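Starting off, we have a lone chain in the form deposited in one PDB entry, written out as structure tokens.
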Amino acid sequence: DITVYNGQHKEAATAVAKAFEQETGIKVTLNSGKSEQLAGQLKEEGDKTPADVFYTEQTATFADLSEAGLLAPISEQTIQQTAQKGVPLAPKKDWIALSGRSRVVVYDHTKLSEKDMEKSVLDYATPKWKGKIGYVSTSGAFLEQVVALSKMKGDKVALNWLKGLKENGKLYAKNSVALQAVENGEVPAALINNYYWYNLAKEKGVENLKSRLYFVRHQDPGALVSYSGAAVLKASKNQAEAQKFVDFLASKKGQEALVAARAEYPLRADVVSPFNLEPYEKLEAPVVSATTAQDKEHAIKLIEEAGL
């Protein structure tokens, strides 16, 4: 039996854990919480942690743990299974990307059409969108968006964007809350990840949603796709089963289990999401290097400088 610290959405972890149990008869116990609270906890517990695996929304979250030598190496063969365009690889082979989540602009299509959308994510952080664009400054992918802007456009551009959001944007606590604000008609548009929308559309039926997705494309920083992944803890006693689980998550069956439950992009070439996602290739996502521990701190610094 294994214990998985879970910084992913509960629906995601439950789905993959259930599938793994059916497949192997190995029981999975989830410890769910905020990604950075769990990351902090794993560092504190160190070699005494009861965690066998850490599953989370953003591979960026693994950076500190890897530097602290807390993660166990994964088979290179497993890593190669999910290595697609734009996917980051762990330099120490001690974590693995598993699913893609695209940055998107969700908008109220009863109020706006694609003709009203911006060609660049930079264009939303302006007086034109004063009180009309939702953003989530505490979101993991939001932080990744900031890193990508810094890397792609430089710090001045990234800083002015953030200042533009502080002045013109409507702050929401979570992506889920932002999406609902658009559906409820409290804001015409918001910057979130793609899966929230497809999952809502499955529940309620697209015809009953006001919101639709806009993809900026053309390798714009707002076309960023970031990745969720998993790592095995070096401290794990259950190494056999922990590695088996992470392996499983990269397998055709483990990937199929995730995409059935959650509208994230599979990273295996032989798996098709039942959600009818905008084809990865049509996204025209830019490629960005992996977020280092230092990249992370730097982006947090810009957020603070901007007054967020």
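Positions refer to the first chain, counted from 1. First, how it differs from the form deposited in another entry.
- Panel note: of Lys210, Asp247, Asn276, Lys132, the residue at the hinge between moving rigid parts between these two forms is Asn276; all others are over 12 positions away.
- Superimposing on the larger rigid part's C-alpha atoms between these two forms leaves the smaller part rotated by 20 degrees.
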Second form
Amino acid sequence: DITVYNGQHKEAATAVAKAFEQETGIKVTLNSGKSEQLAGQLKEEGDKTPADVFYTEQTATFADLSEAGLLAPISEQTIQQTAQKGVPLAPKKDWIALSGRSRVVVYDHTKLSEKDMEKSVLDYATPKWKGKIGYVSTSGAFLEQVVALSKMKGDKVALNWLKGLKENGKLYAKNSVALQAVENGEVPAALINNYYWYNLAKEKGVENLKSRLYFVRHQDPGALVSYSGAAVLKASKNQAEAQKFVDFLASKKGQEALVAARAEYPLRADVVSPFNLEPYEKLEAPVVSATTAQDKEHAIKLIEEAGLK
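Now show the form deposited in another entry, given that the preceding structure was the form deposited in one PDB entry.
So it's only the chain below, everything else dropped.
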């Protein structure tokens, strides 16, 4: 039996855990919490941790653990299973990316069409969109978006974009509330993450939604994909089983379990999501370095500068 420090959505974690048991008979115990916290805890615990595996919604959390020397190597064959172009690879082969979540532009198709959409996420923060583009400043993925902007285009640009949002956009407290606002016709477009819409579409059927999604693509900063992944603790005293779970997560069957439970993009290229997501490769996601603590700190400041929050 193994213990998984889980920083991923409970349903996602539950679904893969169950499916693993069903296939192997090995029982999975989940310890759920926030990725950063768990990451902190693993460092503190060190060689004395109870965890065998760390399963997280953000692969960036692994850089630290890797450098601290806390992670075990994983099979190159397994790593290969999800190594599509643009997918981040652990330089030390001690973690693996499994699935992704994407920024998207959701819009009321009864009011806008694809011809009204912009070529870059940058263009939504302009006077053409005054009072017509919803955003969520307190969202974790918004912050990632800001990091990516600075990284890709510079702080000036990043800062200018936030400024444009303050002046022209409509602030919503949550992604779910922004999506509703679009659906209720309060605002015609919103910057959110893919999965909320896919969920709604499942629940209610596309035919009954006013909203549609628009993917910027072209390696635009607004085409940002955030990656989920896993790693085996070098302190694990249950290597074989722990490795087996990681291998399972990258297999067709583990990828199939995950996708049915959460609208994330599978990284294997032979798995089809039931939420009707497009293939990963069609997203044309930019390649951006992992976000660090300092990156986050830096983004918060820009946010602050712009009078946001």
